[PDB]
Every structure is written in C-alpha cells, then in structure tokens.
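Protein chains: 2
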Amino acid sequence: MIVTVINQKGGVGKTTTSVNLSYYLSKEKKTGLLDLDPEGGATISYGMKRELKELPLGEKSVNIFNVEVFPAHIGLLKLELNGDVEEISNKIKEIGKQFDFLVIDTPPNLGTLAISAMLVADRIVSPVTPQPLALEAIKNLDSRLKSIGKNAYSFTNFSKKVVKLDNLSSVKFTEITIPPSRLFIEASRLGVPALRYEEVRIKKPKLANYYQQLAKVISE
Amino acid sequence: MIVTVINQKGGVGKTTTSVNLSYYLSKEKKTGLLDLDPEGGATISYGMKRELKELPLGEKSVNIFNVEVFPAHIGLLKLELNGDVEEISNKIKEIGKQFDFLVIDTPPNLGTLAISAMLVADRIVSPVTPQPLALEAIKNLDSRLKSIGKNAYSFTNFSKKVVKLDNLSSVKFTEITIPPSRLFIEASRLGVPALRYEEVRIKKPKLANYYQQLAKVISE
Ligand SMILES: Nc1ncnc2c1ncn2[C@@H]1O[C@H](COP(=O)(O)OP(=O)(O)O)[C@@H](O)[C@H]1O
Ligand SMILES: Nc1ncnc2c1ncn2[C@@H]1O[C@H](COP(=O)(O)OP(=O)(O)O)[C@@H](O)[C@H]1O
Ligand SMILES: [Mg+2]
Ligand SMILES: [Mg+2]
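Taken in order, these protein sequences are the chains called C and A. So for the first sequence, PDB author numbering puts the first residue at 1; every next one is plus one. So for the second sequence, PDB author numbering puts the first residue at 1; every next one is plus one.
Among these hints, one or two may not hold up.
[Unchecked claim] Take a look, some chain C residues computed to stay more than 12 Å from chain A by CB distance:
hint, residue
1, 49
2, 71
3, 186
[Said to hold, decoys possible] Only pairs whose alpha carbons sit at most 30 Å apart, straight line, appear in this in silico DSSO-like list of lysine-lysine:
hint, chain 1, residue 1, chain 2, residue 2
4, A, 60, C, 93
5, A, 204, C, 204
6, A, 204, C, 203
Just so you know, these hints were derived from the structure itself, not from any lab. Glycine included, each C-beta is placed from N, C-alpha and C at the ideal position.
Please construct the entire structure, taking both the sequences and the accompanying hints into account.
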C-alpha cells in the first residue's frame, strides 16, 4: 500500500512522519520509504546523504533498520522542474507493488512530484500545526484534493491540543496529536528514526503510540 | 593506510573495534569499513543486513554515518572456501587505495580472508580479554604473524586492567584498556556505532578517548 505524506509548507513534521511511520510499519510488514524531496531529509534520518548524481527514479535503494530506503538524489531536481507526472506515477506504482507499505516523502510544495505521489497514493497523510501558515496550507490542500478527487487524513503535530477544521470535507482530521519531545531532536542528531532511538533510550516507549494510531487509522 | 582487526575467538570486540575506530577516523579523513566476515557483524552495526547475493569483493558500499561501509555478502563464503590469497590481497589493496583509512573486519578465525587481510594490512590490531581462550588466541596469532612475518598491536577489552604476555615478540601490548559499558550494548541494539551513540547519549564524551589513543598508537 502507498502512503504519501503531503504538505506545501515546510517544517510541519512531514519528514518525521514519513521516517517514523515507515519504521513502525517495517516491523511486521515489508516496508519501503521513497524520498522524493531533493533536500533528502528522510535520507538523512537513516544515517545517509543525498547522492550528488542525477540517478533515475527508484533505481537505487538501501535497507537500513529493516526499511528499504530509496535515497534522495539531485536527479529529482530536474524531475521537479520538467518531469512527466504519468511516468513518475507509473514508476511509483511499479515500486510499490513490491512492498506491503511504501511511504513516500514529498518536497515542501504541491508540484510534479507531489502530484505524482498523490494520484497513485492509496492514502494521503498531512501533518498540521496550530500556527496559521499550516492552517492556510491544509485549507489549500483540501482544494487540491477536490480538484483531483482524492482523500487525505490529517493529524496534529507540535501540539498537545488536537487541531480540527470542519469545512474541509476532503480532509478527515483524526484525533492523533504529538507533543514536542527531546526524542525527535536527539534522534535527528543521531540520524536515526525516533522510534528506534526510543527502543533503547527508555523502557516504556511513548512515541510508538502516535504512529501506531496513525497506522491503524490509515489501514482502515 | 589499511587497518585489519584480527582475532580467532569471537566475542572479544573485533567488530566493535572495527566499527568504532572507522567511525572515529571518519571525523577528519576519508574512511572505509570492509566487512569480510560472512556473518556481517559490522554491517549489522551500521543498521544493514548482509546481502543474499554473490557480490564481487568491494563493489557494494553505502555511506552510513560518514563511513563507506562495504556490506558482507554470501560471496565471502565462496572466497573463504577456495579463494586465492594473492588475488584477494591485491583486490583489498585496490579497495583501500582511495581511502585515507581502510578498516577491515575479519571472521573469527585465521583463514583465507583473515590471512589475506593481514598480508596487506598496513597495521594489524588484535583485541584481547583477560579470558583464558583469548589469551590463547593472542599466542596463536603471534605464531601466525611469525609464520608470515608481520606484527600486531594488542589492547585490552572487557577489563579495566591491561593484559600483557611475554615471549610474544610479534604483538606489541599497548596500555589501552577499554572497560565495560552499557553504551556498547545500546549501540548494538540500536545498530549504530557507539561513538556516535554517546555523541548524544551524554554531554562529556567518554568512549572516544580510547580510539583517539589507539589511532595514535597505530599511526606512528
Ligand atoms: N513533535 C516534534 N517535537 C519536536 N521536534 C520535532 C517534532 N516533529 C518534528 N520535529 C523536528 O523538526 C525538524 C524538522 O522537521 P521535519 O520532519 O523535517 O519537517 P518537514 O520535513 O515537514 O520540514 C526536525 O529536526 C525534527 O526533529
Ligand atoms: N566493553 C564492552 N562492554 C560491554 N559489552 C561489549 C563491550 N565490547 C563489546 N561488547 C558487546 O559484545 C558483543 C559482541 O561484541 P563483538 O565486537 O561483536 O565481538 P566479536 O569480536 O566476536 O565480533 C556486542 O553485542 C557488543 O555490544
Ligand atoms: Mg522534509
Ligand atoms: Mg561479530
């Protein structure tokens, strides 16, 4: 199944969601994480680096922490300017047909790669935050979803209180809410998924519940 | 420069030394880790798995945590069986040619891959514990070094007291003694080097001093 994480505004926790949700899913099922953002955030969250070579989409992958990560590369940049969304879409589907779950990380916009990842996604997932820029972003994403006729789940990040906006009929706001935590910044200094770092840093993990509920909700 | 970690008995810290020392050398210089153990200890130590493909020696490499790790693969099992020591040696020289430091993990024996990595190693290091069978292994390694005309540096693991033996004119015993540490098991369970774990696990780095010292003892 294809899980695409969408948000036209950066810093909302999109890469964190892709990385940690893919890792949580890897535990019982064969999971891949395809990194479509040229920044390569999700590539960095697995201890790696953006390839400074213009590579074909999906040709290269490395299995880190039992996740098949397709690392980011500068080839995306050209795709992200003059790409053919049908061909990237078919490529994403052809890769996903080898995984129980393919989580896709998208660049901070709604361009060619975001459209490619959205039209073939089985589920679209948007993080949301209380500051007003993410609120304008999610409202515009609802118009995106309608004009393409697609759904998207949403969940609240960087907060203790859950964010809900009820005129958005193509965005279902779940109850899931993730508060700030040392774990994210520490694991990012490490360059590992936050869940995996939690597995050994503390005894009773608290981050696993968020991504567990996210997985259960999208699996419906 | 090529560094080969050698030991006949498993469980002394061979992989742990390879991983941590290579990561330490990556701080300033271009460093590679060649995993020649078919079991893939160092490979696991970087969050990867051994390839179930018969790859050629030193073709797959991933940059994990600033280190060019060459993962273990079943092809090693072929080379360990009937590999020509000379050809394996020349290959290892090719692999290490482009690296300021090439650290090599070896299997728990003195077989084909191990002898091939010693015959070309610029320096050879052999961890020792105060365990009877490890004390025996260092004597056997002194024997094999004499048979092939090479030297090795030893240091103590799993102990606060340094181990030293007499009439082993081929192994220099250094004052470096590494004490037990929870950080080691935790970096194992997480799957990263321990010097990178303690980079965030604490505030005043502790384990890096021993590799700081070991680099100095083996560089002069
Ligand atoms: N719930 C959270 N609590 C604390 N820090 C977070 C949280 N979510 C994300 N971060 C931090 O925000 C930074 C950037 O977030 P990221 O996931 O890259 O967002 P995006 O990819 O959408 O820009 C990361 O360093 C991450 O550690
Ligand atoms: N100083 C230490 N204190 C505690 N545990 C250690 C120490 N050094 C290594 N270990 C643990 O011992 C286990 C085996 O060590 P390893 O280096 O793989 O042995 P080998 O030399 O057989 O490869 C690893 O799980 C590692 O975490
Ligand atoms: Mg990002
Ligand atoms: Mg081992």
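Against the structure, the hints come out as follows:
A beta-carbon of chain A comes within 12 Å of the beta-carbon of residue 49 of chain C; the shortest separation is about 6 Å. Not every C-beta of chain A lies more than 12 Å from that of residue 71 of chain C, the closest at about 9 Å, which undercuts listing it as non-interface. The Cβ of residue 186 of chain C sits about 5 Å from the closest Cβ of chain A, inside the 12 Å cut-off, so the non-interface label is violated. Proximity of residue 60 of chain A to residue 93 of chain C is assessed by CA-CA distance (about 27 Å); at most 30 Å being required, the pair is judged to hold.
Distance restraint check for residue 204 of chain A and residue 204 of chain C: the Cα-Cα separation of roughly 26 Å lies within the 30 Å cut-off, and the hinted pair is therefore satisfied. For the suggested pair residue 204 of chain A and residue 203 of chain C, the alpha carbons sit about 23 Å apart, so the restraint of at most 30 Å is met.
In the structure shown, a violation is registered for the earlier hints numbered 1, 2 and 3, in ascending order.
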